[PDB]
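The chain below stands alone and is given as structure tokens, in the form deposited without flaviolin.
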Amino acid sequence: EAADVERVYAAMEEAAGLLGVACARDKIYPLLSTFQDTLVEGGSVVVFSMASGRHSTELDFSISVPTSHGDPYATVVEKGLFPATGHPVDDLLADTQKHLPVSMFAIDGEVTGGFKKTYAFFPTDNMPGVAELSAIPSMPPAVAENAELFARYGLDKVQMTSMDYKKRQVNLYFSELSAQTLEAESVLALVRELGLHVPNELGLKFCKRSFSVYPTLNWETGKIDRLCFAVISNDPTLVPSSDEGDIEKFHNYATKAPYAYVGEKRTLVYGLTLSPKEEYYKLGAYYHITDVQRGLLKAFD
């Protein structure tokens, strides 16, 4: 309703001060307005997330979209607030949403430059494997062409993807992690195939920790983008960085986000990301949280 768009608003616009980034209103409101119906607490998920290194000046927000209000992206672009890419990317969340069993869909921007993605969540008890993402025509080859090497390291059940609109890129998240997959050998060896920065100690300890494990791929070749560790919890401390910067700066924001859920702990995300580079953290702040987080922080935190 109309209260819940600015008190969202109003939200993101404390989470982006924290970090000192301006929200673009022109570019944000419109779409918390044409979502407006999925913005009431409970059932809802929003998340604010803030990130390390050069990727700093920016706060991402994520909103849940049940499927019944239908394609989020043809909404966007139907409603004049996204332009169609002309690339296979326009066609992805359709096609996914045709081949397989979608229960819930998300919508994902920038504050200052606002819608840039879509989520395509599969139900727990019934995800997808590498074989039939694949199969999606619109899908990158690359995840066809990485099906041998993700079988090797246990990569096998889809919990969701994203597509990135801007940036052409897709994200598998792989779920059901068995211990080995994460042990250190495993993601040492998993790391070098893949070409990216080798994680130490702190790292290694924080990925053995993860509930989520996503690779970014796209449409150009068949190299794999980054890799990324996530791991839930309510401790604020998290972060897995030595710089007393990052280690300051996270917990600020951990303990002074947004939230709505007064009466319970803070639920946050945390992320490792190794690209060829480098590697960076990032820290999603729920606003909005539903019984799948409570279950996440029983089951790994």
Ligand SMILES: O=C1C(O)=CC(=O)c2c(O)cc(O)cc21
Contents of the next structure:
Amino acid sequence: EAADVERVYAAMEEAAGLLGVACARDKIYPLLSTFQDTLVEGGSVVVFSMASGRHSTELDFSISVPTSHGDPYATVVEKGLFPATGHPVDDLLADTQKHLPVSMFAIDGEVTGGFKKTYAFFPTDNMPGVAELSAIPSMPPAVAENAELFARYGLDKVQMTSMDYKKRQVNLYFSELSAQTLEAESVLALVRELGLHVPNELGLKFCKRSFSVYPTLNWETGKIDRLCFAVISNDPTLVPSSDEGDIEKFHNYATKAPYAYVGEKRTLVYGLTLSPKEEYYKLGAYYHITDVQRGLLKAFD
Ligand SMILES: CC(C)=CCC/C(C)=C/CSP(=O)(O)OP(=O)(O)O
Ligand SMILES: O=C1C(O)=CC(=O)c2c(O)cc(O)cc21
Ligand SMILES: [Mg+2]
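Switch over from the form deposited without flaviolin to the form deposited with flaviolin bound, please.
Below is the whole assembly, all chains and molecules, this chain first.
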């Protein structure tokens, strides 16, 4: 429906406007049109995310895509929206759906850059482990090379994976995390092994509240690029930052970002990302939600 495309895009501009970011329609409209059938409210998920520091001048969007519509990356490449990297990443999404059960897909882009990634959701009652994932031919070798470490910290079940075709990186979204894993002692030990920024008390408190944790890996080396802790909540003041600027900006976004599910509070997903020399903050304000998010809020918020 051409109507849904316009509705979604307008909302995207609205979310971007709050951050002072302009949307490149030539890069966005073509993509929304291609997946116009998924933009229908009901069982669709759409998120508009902001980030601090370096990525403060950008705005990302995530749109769920049912598997019934077919491999999303095969679609964008075939439609000439994105060029094949020529690397294993081009086959990872196809191989994943070829080796494991995928319950849903998702496309991810940036308002000025365009399409950049896809997601592969697995059945909650049948999520793969690190072993099954590392077996995928096109999966980064780093996944297998970090299997022991993951097990040592209770990172086993993965609710989904994402592929960034531009940076050639893979995220593993671990789920069903144990309290032990999120303990301050466990978190510090983990970050130290990965050589990442050491979170302070505020950061540690956020980690403990996390419902999901995801490391980013690459095909070049076996070193994890970064690790992100995600918290889902209806609370608009959870940004784990001591910066007056972040406190104000994230709160503004969390209370004004567009959303269609009027009748309920805005679903928000905050992220604390730790990189080798620093940490930055993220916040996804959901424009479309489903029972999945509703269930997560009841369980972790
Ligand atoms: C349910 C849907 C459509 C997906 C939401 C997207 C999601 C889980 C956010 C992770 S992405 P992100 O936090 O931006 O981190 P990076 O790709 O930069 O590593
Ligand atoms: O945003 C969601 C989301 O909307 C639903 C999820 O199940 C999920 C997950 O398992 C892990 C994540 O890092 C994020 C999410
Ligand atoms: Mg993003």
